[PDB]
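Listed next as structure tokens is one chain, alone, in the form solved without this ligand.
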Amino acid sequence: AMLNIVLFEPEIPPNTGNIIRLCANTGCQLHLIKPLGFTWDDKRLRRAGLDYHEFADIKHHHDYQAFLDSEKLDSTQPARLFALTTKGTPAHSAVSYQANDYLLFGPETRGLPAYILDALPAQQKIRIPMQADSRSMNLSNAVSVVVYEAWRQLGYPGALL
């Protein structure tokens, strides 16, 4: 894959719909780690405005370990997996992205759990810069920012020129 976008237990349906469209438009592979916070239904997805090809090839994983095992990533410390957390060290734009990187995002109302984050090196925990005393960014907006920054760094391979 060019980039792998990984949603851990996403909760709010329109964020995931928007992220499906994002991934389709940019050539990224989407991964969804269950449980989802909303019902998953091809008819709802079609009703939302998505075409079959935009969702058909999403990789679905029954838990985090299943994702790691599917992608042959080390559980002690997965390589080239960057987790979005307001408690991260480097800005999302301060990392140097590579093809096939994994971009991990937590649920809207919780973020990623400590068992995940505490296993990752500081430089694999990325933060989207915000002013002092900010509030929660919309998840699909956050994912879009990180994806487009990564894709920019890669020179937008696959973009129509």
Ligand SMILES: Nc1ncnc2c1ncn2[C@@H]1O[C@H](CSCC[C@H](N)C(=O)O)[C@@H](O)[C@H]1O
Given for the second form:
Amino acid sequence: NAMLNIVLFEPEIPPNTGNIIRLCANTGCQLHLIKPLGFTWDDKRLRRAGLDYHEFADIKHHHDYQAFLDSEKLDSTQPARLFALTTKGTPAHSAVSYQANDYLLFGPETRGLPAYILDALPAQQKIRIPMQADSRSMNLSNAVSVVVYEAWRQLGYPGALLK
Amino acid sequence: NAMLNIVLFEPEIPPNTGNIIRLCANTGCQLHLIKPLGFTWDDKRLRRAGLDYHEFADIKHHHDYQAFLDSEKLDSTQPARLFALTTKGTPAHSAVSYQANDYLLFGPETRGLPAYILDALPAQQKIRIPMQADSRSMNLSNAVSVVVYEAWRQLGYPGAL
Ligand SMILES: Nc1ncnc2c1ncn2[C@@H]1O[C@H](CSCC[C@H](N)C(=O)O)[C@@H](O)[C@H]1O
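Could I see the form deposited with this ligand bound next, after the form solved without this ligand?
Zooming out: every chain and molecule, the one shown earlier first.
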């Protein structure tokens, strides 16, 4: 079972998604992609970038946001254990108490998440990774990495090789 | 003087470094780059890449590891409060307790750090990022972000909005 469900809404920049595929494979997360993507999906490019088949073969691809909600049995209005990562959020990523299988939703690199998705979530389900005043948002793949490793830490790193 | 010192040894892959520059500026860390660089350092290329001058203007550039140690007044026999990320490490990055002005050292994505650096550090100063069995290399910017945010969390996110 998926440590976390990492959900990218209309991702734009190929290397970010490539980095996230690698991250999810290393940590036991299930990656979900919501179309339209800003790049064309291509098995051959993913392999050339160094990704192994089993890293990308089992990614879930969703036609649109409501189809993602329906597929994952998330209540469209008040979705269970869905958190949106946004600079517009309230709690820090480390202030949420994660559970296995939580859904973590990230926006596109240029636009961020649409207003109708954020306006429908309560403040406590919109997570802001801390940044200094005046900052440029995070790189998308860095944002995902930070939240994934924080959640995994809280969970006691289930599935990690021990040293 | 710095909240945290992020130190890249022989940074290779130019977009990784760019992403780290932005991470450091967002979190309020002091970035150090130890030569030789694997790419050509050019303010005009950094700007074309989306970085703003204030993000890179105050980076500390060092000619080699010893020059870094000397600039920072660290003892090469056992550098104090320097934590090196390495698959050869013992504690998880989250299993050590960070302090203001700590040094967090990262080698290239693939090669990692040389023995002359790691041999001077005790086991508890060599940190690893946990991974599942049969994992593959994590992107270096993503790794640095993980370590930085864990250390900055432990400090109480000082400076965060
Ligand atoms: N500080 C932060 N906290 C939480 N998520 C962040 C973040 N910085 C970037 N992200 C994630 O990365 C995605 C792409 S960055 C989008 C930036 C957009 N200009 C904006 O107004 O914020 C975001 O949609 C969000 O999911």
